[PDB]
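Protein chains: 2
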Amino acid sequence: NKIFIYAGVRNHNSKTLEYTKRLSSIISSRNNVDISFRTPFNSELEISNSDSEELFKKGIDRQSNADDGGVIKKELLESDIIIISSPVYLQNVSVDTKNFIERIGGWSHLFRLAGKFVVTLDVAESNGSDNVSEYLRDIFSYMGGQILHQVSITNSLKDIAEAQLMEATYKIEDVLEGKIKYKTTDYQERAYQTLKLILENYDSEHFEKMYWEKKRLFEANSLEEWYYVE
Amino acid sequence: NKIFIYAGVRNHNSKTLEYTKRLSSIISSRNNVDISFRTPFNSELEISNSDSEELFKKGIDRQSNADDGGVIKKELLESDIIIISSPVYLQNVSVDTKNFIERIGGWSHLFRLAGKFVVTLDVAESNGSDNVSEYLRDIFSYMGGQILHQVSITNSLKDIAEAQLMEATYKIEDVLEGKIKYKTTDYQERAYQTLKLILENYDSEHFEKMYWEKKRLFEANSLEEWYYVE
Ligand SMILES: Cc1cc2nc3c(=O)[nH]c(=O)nc-3n(C[C@H](O)[C@H](O)[C@H](O)COP(=O)(O)O)c2cc1C
Ligand SMILES: Cc1cc2nc3c(=O)[nH]c(=O)nc-3n(C[C@H](O)[C@H](O)[C@H](O)COP(=O)(O)O)c2cc1C
Numbered sequence: 002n003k004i005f006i007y008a009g010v011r012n013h014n015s016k017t018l019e020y021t022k023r024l025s026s027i028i029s030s031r032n033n034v035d036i037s038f039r040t041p042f043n044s045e046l047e048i049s050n051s052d053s054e055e056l057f058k059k060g061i062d063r064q065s066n067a068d069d070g071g072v073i074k075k076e077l078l079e080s081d082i083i084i085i086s087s088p089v090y091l092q093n094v095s096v097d098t099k100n101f102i103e104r105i106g107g108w109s110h111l112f113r114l115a116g117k118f119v120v121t122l123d124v125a126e127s128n129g130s131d132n133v134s135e136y137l138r139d140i141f142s143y144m145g146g147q148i149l150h151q152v153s154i155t156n157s158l159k160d161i162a163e164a165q166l167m168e169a170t171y172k173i174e175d176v177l178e179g180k181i182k183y184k185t186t187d188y189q190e191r192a193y194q195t196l197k198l199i200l201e202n203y204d205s206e207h208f209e210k211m212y213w214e215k216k217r218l219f220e221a222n223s224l225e226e227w228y229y230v231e
Numbered sequence: 002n003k004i005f006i007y008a009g010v011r012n013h014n015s016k017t018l019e020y021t022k023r024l025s026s027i028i029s030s031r032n033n034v035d036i037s038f039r040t041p042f043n044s045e046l047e048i049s050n051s052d053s054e055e056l057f058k059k060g061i062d063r064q065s066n067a068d069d070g071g072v073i074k075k076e077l078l079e080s081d082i083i084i085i086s087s088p089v090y091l092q093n094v095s096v097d098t099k100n101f102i103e104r105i106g107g108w109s110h111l112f113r114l115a116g117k118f119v120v121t122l123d124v125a126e127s128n129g130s131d132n133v134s135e136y137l138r139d140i141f142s143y144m145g146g147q148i149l150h151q152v153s154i155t156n157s158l159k160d161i162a163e164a165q166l167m168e169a170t171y172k173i174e175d176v177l178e179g180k181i182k183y184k185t186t187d188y189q190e191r192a193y194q195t196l197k198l199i200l201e202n203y204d205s206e207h208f209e210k211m212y213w214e215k216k217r218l219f220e221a222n223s224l225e226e227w228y229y230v231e
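Protein sequences appear in the order of chains A and B. If you're matching positions, the first sequence starts at 2 in the authors' numbering and goes up one per residue. If you're matching positions, the second sequence starts at 2 in the authors' numbering and goes up one per residue.
Since the hints were made in silico from the structure, they are not lab data. Idealized CB from N, CA, C, for every residue including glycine. Don't take each hint at face value.
[To be verified] Some, not all, of what chain B presents toward chain A, calculated at C-beta under 7 Å:
id, residue
1, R11
2, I102
3, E103
4, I161
5, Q165
[Claimed, not checked] Here chain B is said to cover these stretches of chain A; the calculated rule only asks that three of the stretch's residues, wherever they fall, bring their Cβ under 8 Å from a Cβ of chain B:
id, segment
6, 26–36
7, 47–54
8, 65–78
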């Protein structure tokens, strides 16, 4: 299937990039897949400068058509699996990882990643791994993606890095083999019910509300039902 | 006194920028201070691309002298009070706020902000405020700065915004008046004692270790003692 990978790092000697490349190599060496590997080195994503009003109320995004933002969104929507990797810089995601996320912020309340499987990878010296994995988990999960697996590599436990990447590969293979099917979590279902109540009182011209109506997100008992019934 | 301000926002219609400009005006309208207001609109900070090895082990920074990073560091070290503001984008600091922080990542374990008073401001629509304020608090505090005050403005409670900004001003004025003196927290003392033990086994050629030696960070019983003594 199609696998989209993005590593948010600009350091030429990045260990995050190295491990991410290693992961990609393992997957393709064991499976016949179409991988799209993107980084700040081969993809240009200008820093997000959008305004809440235009972005959410009007659904306007002028940047994506000016750089690689557009093609990235297309590949994301066309992928079966998404792999996001980030270095741990000052106990937080890297600048490029944060920008990647802000560049798709418009999907924050649209569950556009519903049906996709997300794998996260973060690399640190010895701390901050948990805060980064948790932030990535929450963001992509909120967007509707299923967190298939998360990996945190640390120099402290570098000897298990290969084994950790191999374990991620096994999870991915279960998806490629059709052994794992998209399933929403309680956290996601609650987020769904919560957002619906808010968007229900929004103006009829509000882009997000119109999107929900057009996608029939309102006429559904749950997020999982919506996905499999619509 | 000298006050350094940085708003990490690239959105022309930013409410964060507007609220930060308001705080700046309030302060200068009641006090004689030297304010340096920087943002991505008047300052150039390339996205951080540093490598841990070179940055911490060798103390190499190849970007600061290439753009506005150098002058920003100088103003930070010369300032008495530091004000950092950030929009709340997907429950995290903005891309530019994250970059600002990474661009001074080299000071992570040097306590170079010891003696400075930090004020943070984050602006959100309705949520994610606490995660952003808590992150800024931890980062700047860990770097030695005293968190003088924190403000979280939300559209949900926009009616108290002015009052919130006035409260920040009073805190700042007490510093300018010389009422509040720099004092470390238990969080910082523990970080200090913890770092020392680590940098004690480091190679004699390690930049961070040599820095602590030259600054006499080793010959001290506590971080606060170190500050008022050395
Ligand atoms: C500005 C900067 C901040 C960093 N902060 C942390 C951190 O908070 N925790 C940690 O364990 N390692 C930290 N590191 C070390 C990296 O996590 C480590 O080098 C890892 O390999 C990821 O970075 P890389 O992809 O650039 O190699 C930092 C590195 C830099 C350059
Ligand atoms: C990409 C993007 C994601 C955002 N995420 C959040 C969020 O997580 N929580 C919230 O309450 N507001 C969120 N907002 C709304 C902003 O917090 C609000 O507009 C605030 O004024 C700060 O942004 P501004 O400085 O650009 O005005 C988001 C806005 C954008 C452009």
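Hint check:
no.	hint	in the structure
1	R11	4 Å, holds
2	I102	6 Å, holds
3	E103	5 Å, holds
4	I161	20 Å, violated
5	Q165	20 Å, violated
6	26–36	violated (count 0)
7	47–54	holds (count 7)
8	65–78	violated (count 0)
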